[PDB]
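Given next, in structure tokens, is a single chain: the form deposited without its partner chain.
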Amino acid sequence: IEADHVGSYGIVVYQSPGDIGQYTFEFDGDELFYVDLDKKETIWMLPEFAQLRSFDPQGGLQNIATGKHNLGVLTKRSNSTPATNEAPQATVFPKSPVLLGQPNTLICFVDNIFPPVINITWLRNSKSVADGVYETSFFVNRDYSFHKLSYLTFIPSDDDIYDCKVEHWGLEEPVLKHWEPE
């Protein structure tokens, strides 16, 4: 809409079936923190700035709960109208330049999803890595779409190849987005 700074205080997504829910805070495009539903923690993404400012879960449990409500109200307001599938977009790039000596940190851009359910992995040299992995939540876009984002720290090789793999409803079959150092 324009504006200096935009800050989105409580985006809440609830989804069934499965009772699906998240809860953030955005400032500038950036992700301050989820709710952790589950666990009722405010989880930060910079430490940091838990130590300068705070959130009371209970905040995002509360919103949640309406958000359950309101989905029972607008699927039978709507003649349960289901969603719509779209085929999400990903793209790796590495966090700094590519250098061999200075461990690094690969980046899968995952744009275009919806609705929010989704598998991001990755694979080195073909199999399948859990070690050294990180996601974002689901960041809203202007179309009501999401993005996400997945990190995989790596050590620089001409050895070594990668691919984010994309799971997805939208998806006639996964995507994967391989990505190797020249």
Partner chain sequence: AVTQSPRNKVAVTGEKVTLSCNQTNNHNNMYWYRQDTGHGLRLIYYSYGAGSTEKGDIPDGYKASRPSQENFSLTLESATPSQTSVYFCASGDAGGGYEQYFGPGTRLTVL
Second form
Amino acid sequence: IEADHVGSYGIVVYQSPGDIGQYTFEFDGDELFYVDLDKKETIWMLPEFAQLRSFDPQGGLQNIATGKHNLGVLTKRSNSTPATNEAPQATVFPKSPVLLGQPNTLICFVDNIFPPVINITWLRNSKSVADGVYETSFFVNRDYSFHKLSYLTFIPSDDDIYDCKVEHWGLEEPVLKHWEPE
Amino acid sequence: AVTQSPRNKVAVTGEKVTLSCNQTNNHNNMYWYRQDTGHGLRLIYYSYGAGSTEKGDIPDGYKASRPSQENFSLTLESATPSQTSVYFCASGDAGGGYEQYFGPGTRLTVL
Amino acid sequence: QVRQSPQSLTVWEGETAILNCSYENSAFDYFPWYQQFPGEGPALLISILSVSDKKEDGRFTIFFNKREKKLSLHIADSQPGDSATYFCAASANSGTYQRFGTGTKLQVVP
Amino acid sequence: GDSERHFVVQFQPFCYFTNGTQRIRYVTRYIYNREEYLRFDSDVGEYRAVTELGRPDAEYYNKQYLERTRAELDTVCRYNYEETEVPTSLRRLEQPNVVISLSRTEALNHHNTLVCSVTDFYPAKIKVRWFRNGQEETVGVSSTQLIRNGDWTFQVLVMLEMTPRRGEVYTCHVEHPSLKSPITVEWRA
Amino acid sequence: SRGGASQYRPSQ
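Let me have the form deposited with its partner chain bound next, following on from the form deposited without its partner chain.
The complete assembly is shown below, putting the previous chain first.
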């Protein structure tokens, strides 16, 4: 469908085994928030926003439960039809134009994710970097697969190379998306 | 068609009272209330029903347990006079905009 | 929170019993009234959505006033048998639990 | 449920807004794995089953929920837009950063590429153009599609194939809702 | 300021 604005208030994603779930709110394709199901807390991507609007985390928990319910009913009905593994695609690009010595952020956009289970990590020269890393929830795609983005803060150097490593059940070997200040 | 274990129970301060509930309606949600002159019904604990448990309006001094779809129990690990009331169990569809089905009730006295 | 104006009410069989209710959480969208007879638990009588402003079913009619967050249950042509305690509840546009009120006790004199 | 037998379900609500709230379309999609089996559509006004898999739900859903769902169009869609979007996302204005850079080496005659980087802006609507000595260039020009950063900002890169010369002035012109006046960046040999 | 959400409806 079409519009000037699109709101998704209550996207529910529940999967098994593992009873893995996700509850989010999207607006114009961006994450408003996701409900932390363990903390029972609404996590707004933009803090400022939380100062003006709110959402009771219980709404997410209540509906995540229904997700547990509908799944199963459907796993029983479908005659236990499992999900088919797709192969993720990754793209790496900087938030701002690269300038030697100036703080920037590297972004890894991973698309065509299905099912929504994945490990995305950063490698500075071939060594895993775990600090200064942020990850988004799973965004819904039109075809029902998903995308997700990961971020790495860093200082651009002539002596530094990067790679975004994606691990998924749809890949036979982890995918390394390479990137370096050109 | 909702049932509750003690339909009437009298315990002493400090005792570990445990009212239990049962619902055949095969509902996902279950609730524990308490009626008191001046407060009407007050939710204490509820469940999305698996092994789920959530705090209501007044959960202090209480703890609930939903071991299965049809069983939801309320537990006081140290009875208090302030807990002398009529407890109402309930069940309904996942939600809140859905009708809630109540049990008969349960009068409790600590002394 | 929910509030019920008539702390207590008595009317003679045949008249019109008006009950009042109010809340102040504009997010409330569903309001079900429960009826409780002495000895048993409460039970759903009539429920309305914030979408409409009226709902009828027998002698029972809910008058919902979106703004001012008022609400009232009218029982036209009273009748002994309608005499227990009535409860005005409400839930939000999120899917959160219902929140009841003080509850008005109605006595219908034959 | 033997070994690598993964199962998931998806609920995807949609509030499509056209011209503020003058027109709203509410769509609720029920997906099993990646298959949409049941769907509510305000246009249709009913819970029609999409595929076989959703055959058993239609009747029941229209019974138990039809009224509760139709209402969400007002209590969820219209409400969230006018009460929560208006003060937050619909008010977000982040200004573009704009810089020009050459792709190859700076010398006195090369078929290089000027890149105009327009970054960290919100919302999406934006206009970027290239000018050579005050005249707009549209021939060796190309821009990426809108790049969503995922942090509520976008960027777009616009390339201009050109051959630098003496006293030749290139300009990148950007117009965006967050700018009371357009931004213009200049580049010379 | 309190947002609402589309309720995910259970089956059966």
